[PDB]
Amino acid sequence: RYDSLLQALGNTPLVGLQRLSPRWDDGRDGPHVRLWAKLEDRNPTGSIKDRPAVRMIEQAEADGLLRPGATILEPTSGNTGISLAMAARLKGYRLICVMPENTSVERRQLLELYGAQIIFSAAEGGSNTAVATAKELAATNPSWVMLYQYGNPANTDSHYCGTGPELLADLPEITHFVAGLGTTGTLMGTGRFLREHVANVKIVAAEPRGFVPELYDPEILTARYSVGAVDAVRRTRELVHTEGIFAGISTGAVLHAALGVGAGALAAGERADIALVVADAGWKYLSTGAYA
């Protein structure tokens, strides 16, 4: 049991995808190629961002960067903002988010429900514009505390100390780890941990079809897949149809990459155990029509 929602975080289930996996059982045709889904919607606000959000705040608190009642400022496409907003309610901080104006209405509603102030940056330039806008706001008011999810090592550390160790415990036979590439925390932290323990482990990024996050270490990745929106939608729908998991759009892209890695292993007669991140659920994407 836990003393607050903040602690009911991580230790997420890993579920074998027996129908979607290229080959679930070993046999006469060759070795198994299995997919394993780590369900990061089993978290306080329903996404993986709860891990770095909470660790970024707590580390900021430890470093004396946050006095009680402080106002936090963060550029976000939504998930990090929501996680931070939750954490800010339990810890007594105010929150200002800079979010692109072309984000789903669900994200907006949930941030307002948590009492975050939202500044909607121009759609054009997307997250680059959000980040640049937040830097301009940080400079107009230095009392505001920007944790900076694209450069804060506590982001990466949450996956190094959490996501990675959880994966190795549940899946010591892991051959591949597949996840989306955004802040880069998930892949950098989980990947660094897994490469220290698992000999020839492959770390595979899925990214949408500039601005390089400061967290990014190019030596960590084996490969990067670019996935178009149509394939991401297709795989998201396919995951709920075949395995019952109602995931967000990034999971479709990750799945697309993982099935590619999977098809490659199968065609080469190689055993594979491919862990893939389900970073959030489908709820915040319903208004997009992608599940229609």
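By rigid core we mean the largest C-alpha set that fits within 1.5 Å across both forms. Numbering follows the first chain given and starts at 1. First, how it differs from the form deposited in another entry.
Taking the core as reference between these two forms, the lone member of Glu196, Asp170, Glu101, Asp217 whose Cα moves by 2 Å or more is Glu101.
A displacement of 2 angstroms or greater separates the C-alpha positions of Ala139 between these two forms, with the rigid core held in common.
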Given for the second form:
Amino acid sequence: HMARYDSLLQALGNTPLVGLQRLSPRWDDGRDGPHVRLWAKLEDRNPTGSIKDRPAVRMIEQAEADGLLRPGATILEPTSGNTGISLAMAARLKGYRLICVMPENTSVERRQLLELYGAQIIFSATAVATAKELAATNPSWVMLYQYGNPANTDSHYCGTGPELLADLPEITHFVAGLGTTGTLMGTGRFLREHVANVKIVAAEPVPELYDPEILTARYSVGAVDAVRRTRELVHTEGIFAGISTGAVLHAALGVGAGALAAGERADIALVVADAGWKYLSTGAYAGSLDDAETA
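Provide the structure of the form deposited in another entry, given the form deposited in one PDB entry shown above.
Just the single chain follows, nothing else.
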């Protein structure tokens, strides 16, 4: 056997790390100085197509270990995004019910994805407070809470970090998007403990998992530049990524440019957190950057 699993759950993580030879400022070492390489960590190769499969599964497992979750329990989560899809897949497979709590004016598209994965939906007028109230009514109802759960960070410490170090011992920069901050905090803390002078770079446009002393830089990124980079990535490297990867790529190229102009070697790992599919029903990929920007 090489890739035989008894459950979809076991096929989580161990995602490919792929060299971006065209988009890299300098892939080859040569006459004008050392290489500056970009390496995409493809987190859309997870069961539900996003990096949130990692925290989702570890949150549930940690809750089981701590005695919070038991055979017929229900999981409550205030989300309408990748975490809810991830939790819906994982909950169901592990024997739990999942209720997602979201605003009444959440997009039908988001809502319908959750429902197809078997999540029940409760609408709030706020979403977080109402999940916590719902959860408090029943000892068998549990809110995992992605924004404050250390199992989120741990999933990257124990999974994303190690995998990167294993595939890229020469790593000089890790770049990722800042949401719950679990990817940056978990991966960042692991890489700092192992790679001597590694830089941890956030791409964005106090979080409860945040640590003031992990991040070495933070890059803010506008939507036009995010879209621009997302289209560039698919046209030049064949990778069809979501909109947060556009932010991450803009930042990684800025870092790469820095290393190129300073005549230093870089091996920059960048997170591709999901694929472009869920974002099609918008302008991001077809037409004008302005139409996309409005989407």
